[PDB]
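Undergrad: One letter stands for each residue in the lines below.
There are 2 protein chains.
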Amino acid sequence: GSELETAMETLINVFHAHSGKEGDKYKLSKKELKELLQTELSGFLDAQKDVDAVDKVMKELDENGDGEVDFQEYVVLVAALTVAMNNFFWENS
Amino acid sequence: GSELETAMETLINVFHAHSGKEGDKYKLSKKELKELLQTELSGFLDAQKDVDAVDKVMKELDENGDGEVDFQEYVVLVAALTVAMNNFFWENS
Ligand SMILES: [Ca+2]
Ligand SMILES: [Ca+2]
Ligand SMILES: [Ca+2]
Ligand SMILES: [Ca+2]
Numbered sequence: 002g003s004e005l006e007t008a009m010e011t012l013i014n015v016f017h018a019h020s021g022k023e024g025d026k027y028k029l030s031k032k033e034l035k036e037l038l039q040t041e042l043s044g045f046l047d048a049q050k051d052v053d054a055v056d057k058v059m060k061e062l063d064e065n066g067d068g069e070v071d072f073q074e075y076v077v078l079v080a081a082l083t084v085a086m087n088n089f090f091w092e093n094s
Numbered sequence: 002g003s004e005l006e007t008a009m010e011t012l013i014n015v016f017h018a019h020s021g022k023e024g025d026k027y028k029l030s031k032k033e034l035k036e037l038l039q040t041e042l043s044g045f046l047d048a049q050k051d052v053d054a055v056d057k058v059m060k061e062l063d064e065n066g067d068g069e070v071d072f073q074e075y076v077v078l079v080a081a082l083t084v085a086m087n088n089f090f091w092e093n094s
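Here the protein sequences come in this chain order: A and B.
If you want the UniProt record's numbering, it's the 1-based position in the first sequence plus 1.
If you want the UniProt record's numbering, it's the 1-based position in the second sequence plus 1.
Treat the hints as calculated values from the structure; they're not laboratory data.
Any given hint could turn out to be false.
When chains are identical, the list treats them as one kind, so a pair holds in a single copy or across two.
[Said to hold, decoys possible] Below, computed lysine-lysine pairings styled on DSBU-like, alpha-carbon distance capped at 35 angstroms:
no.: 1; residue 1: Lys-60; residue 2: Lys-22
no.: 2; residue 1: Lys-60; residue 2: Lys-28
no.: 3; residue 1: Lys-50; residue 2: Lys-31
no.: 4; residue 1: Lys-22; residue 2: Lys-32
no.: 5; residue 1: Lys-60; residue 2: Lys-35
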């Protein structure tokens, strides 16, 4: 498998483990998601009031409007954040 | 950095290297994208006529309708495919 595929598997393992740790194993609640990204993602720095925006972005990602996310919503949710790291990269180099 | 972040960096390195290899370094053409995913992604098996759908999905991902993709479009483009691997996982176990 390509390195991209190797990296991809990582998303499932972390999603499954963290999701499994709290709440229903099958579903990840927003509360679990917020804690997951805040701790695991550099966004921790954005934990301040900026973190509130996290609530705002969930609405757009969730077509259901349910407030809950599925693996499909999660993969795109992290993908959007990934772009931010790219922005950060600009700061270095 | 979290494992997810470690895996995330992989997307940039592969995107940059492959994109850099052919065409403009700054932009990735669809032709380059098709070859990249076909070879690097298991989708290689789907290289058959199914591969044609690859053209169809690009239209939805590209808001511009330009036929070209940016890192932002690419990250979501791979994210959609990622879900397919999950489907594959069901076959195993
Ligand atoms: Ca859960
Ligand atoms: Ca939802
Ligand atoms: Ca290129
Ligand atoms: Ca485009």
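Undergrad: At most 35 angstroms between CA atoms: does that hold for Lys-60 and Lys-35 within a copy, between copies, both, or neither?
TA: both (13 angstroms within a copy, 32 angstroms between copies)
Undergrad: Between copies, within a copy, both or neither: which fits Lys-50 and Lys-31 at Cα up to 35 angstroms?
TA: Answer is within; shortest intra-copy Cα gap is 17 angstroms, inter-copy 40 angstroms.
Undergrad: What label fits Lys-60 with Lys-22 when the C-alpha limit is 35 angstroms: within, between, both, or neither?
TA: Within one copy only: 24 angstroms inside, 38 angstroms across.
Undergrad: Cα distance capped at 35 angstroms. Does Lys-60 pair with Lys-28 within a copy, between copies, both, or neither?
TA: Both: 17 angstroms inside a chain and 31 angstroms across chains, each within 35 angstroms.
Undergrad: When no copy is named, should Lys-22 and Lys-32 be tagged within, between, both, or neither for a Cα gap of at most 35 angstroms?
TA: within (12 angstroms within a copy, 42 angstroms between copies)
Every hint, counting from the list given before, is met by this structure.
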